[PDB]
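Single chain ahead, written as C-alpha cells, the form deposited in one PDB entry.
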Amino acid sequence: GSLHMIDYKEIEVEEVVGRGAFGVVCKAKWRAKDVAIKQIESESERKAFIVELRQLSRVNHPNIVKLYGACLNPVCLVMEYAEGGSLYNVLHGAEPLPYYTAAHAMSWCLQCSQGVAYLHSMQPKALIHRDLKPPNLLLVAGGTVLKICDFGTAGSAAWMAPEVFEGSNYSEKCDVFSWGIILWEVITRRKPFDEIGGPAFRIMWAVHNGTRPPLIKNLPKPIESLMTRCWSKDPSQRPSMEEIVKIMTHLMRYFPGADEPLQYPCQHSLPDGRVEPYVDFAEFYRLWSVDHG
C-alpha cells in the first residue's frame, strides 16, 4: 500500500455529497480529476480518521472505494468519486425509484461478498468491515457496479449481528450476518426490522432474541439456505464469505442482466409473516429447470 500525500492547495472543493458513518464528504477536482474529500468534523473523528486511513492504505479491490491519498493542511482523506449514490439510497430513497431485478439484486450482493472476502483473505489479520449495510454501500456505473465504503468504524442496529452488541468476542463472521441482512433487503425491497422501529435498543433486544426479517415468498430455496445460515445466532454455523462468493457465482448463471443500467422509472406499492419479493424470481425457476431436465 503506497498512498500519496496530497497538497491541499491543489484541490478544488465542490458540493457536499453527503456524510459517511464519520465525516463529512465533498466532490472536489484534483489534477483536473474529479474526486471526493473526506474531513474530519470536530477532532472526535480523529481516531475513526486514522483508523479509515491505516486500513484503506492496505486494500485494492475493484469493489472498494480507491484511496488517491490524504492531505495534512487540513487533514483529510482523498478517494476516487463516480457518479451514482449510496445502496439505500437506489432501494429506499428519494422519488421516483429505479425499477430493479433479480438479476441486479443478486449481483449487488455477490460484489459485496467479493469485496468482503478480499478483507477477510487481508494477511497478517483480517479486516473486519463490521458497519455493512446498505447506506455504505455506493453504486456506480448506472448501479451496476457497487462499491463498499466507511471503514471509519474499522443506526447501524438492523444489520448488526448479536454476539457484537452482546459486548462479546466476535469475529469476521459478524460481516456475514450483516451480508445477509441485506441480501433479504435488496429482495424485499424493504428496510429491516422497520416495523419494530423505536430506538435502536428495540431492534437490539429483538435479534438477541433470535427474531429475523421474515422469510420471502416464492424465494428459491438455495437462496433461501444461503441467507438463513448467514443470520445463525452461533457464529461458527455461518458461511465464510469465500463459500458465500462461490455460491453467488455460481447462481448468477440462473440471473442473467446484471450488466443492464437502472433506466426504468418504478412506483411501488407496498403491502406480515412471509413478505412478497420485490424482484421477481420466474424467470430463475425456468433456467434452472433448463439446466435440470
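Numbering follows the first chain given and starts at 1. In this text, the rigid core denotes the largest set of C-alpha atoms whose superposition between the two forms falls within 1.5 Å. What changes on going to the form deposited in another entry:
In a core superposition between the two forms, the Cα of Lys33 is the only one among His61, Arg253, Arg229, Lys33 shifting by 2 Å or more. Fitting the two forms on the rigid core leaves the C-alpha of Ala48 displaced by at least 2 angstroms between the two forms.
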The other form holds:
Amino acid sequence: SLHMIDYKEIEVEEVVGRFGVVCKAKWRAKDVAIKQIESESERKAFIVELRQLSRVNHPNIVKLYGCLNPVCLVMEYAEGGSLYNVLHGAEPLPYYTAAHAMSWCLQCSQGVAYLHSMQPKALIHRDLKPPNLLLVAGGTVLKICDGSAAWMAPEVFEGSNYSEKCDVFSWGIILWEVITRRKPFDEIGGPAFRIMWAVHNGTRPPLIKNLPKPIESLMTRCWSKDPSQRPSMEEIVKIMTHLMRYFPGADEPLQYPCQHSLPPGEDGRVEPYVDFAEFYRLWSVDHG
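Any chance you could show the form deposited in another entry after that form deposited in one PDB entry?
The next block holds one chain only.
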C-alpha cells in the first residue's frame, strides 16, 4: 500500500544527520524528511525496511508518505527533532513537566504494542531509545521510527533467543530517563562493553527520590533480569493510560526555556527533574 513520487517533486533542502543520510525536504507544500541511499551496497537493506513500513500504520509511528531513483524514502518531517535532543541536546533546552514525561512514555508504549500485535509475526523494534523517538506538535506527540548498550536488555547482547520483552526493558530505562533528565549510565562511560558488563551483572539506574510507588513498581518490573517477569506492552499501556488521570496538561507545547543543571548522584539516589506534587495532590483527592 505504497505511493510513488517523482524525485523531481522532492525539493531536497539540507542534510539533518544519519544508516543512509537523512535530508530535510519539501513535497506538495509540506515539510518532508527523505532518506537517500549511500551506495549500491545498501540496495538490499532498504528493501526489508520498506516491506514493514507499509504493513505499519499507527499514530505514534513515523508516517511513510512514499521515489526510488536513487533509492529514497519519503517520510514525515518531525520538526521537533529526537527526544534525545530535547532531553540532553544543545541549549537552550526546553522545560517540560511530569505530564509531558508520562505522556511521551505512554505514547511510546502505544506504538510498540501495535508492533507487538502485528500479524502474522509480532514485529519487535529491538532498538528503542530516545534517539529514535521523534516529536511533533510542539513536542507533545511522540512517534517511533527505525551506543544502544544503555537501553539494551541483558539477554540481547547475551546472544540468547530474545522476544518482545526486550523492548519492555528499553521502555523501562526510558521512563527513568525522562523523569530524571539524566543520560542512563553516563557515570560508567567507557566503551559499550563496560555498560553491557554492568547491566548483565544486575546494575540498574539509581532509584528516584520521592518517586510514586506505583511508578517505581512498574519501572523496576520492566527491567527485571528475568524477561518473563516483565509486563507486556499491553499491560504498560493500560497502566500508563489510567495514571494520566493524575498528569493533566500533556497538551501544552514546550515553549518555556530551562537553564538545567545536574546535581551529582549524592548517595545512590538521584533527584527527579519533573515535579510530582500535583500527582500526589490529585491522587489524595481520589483516595486520601
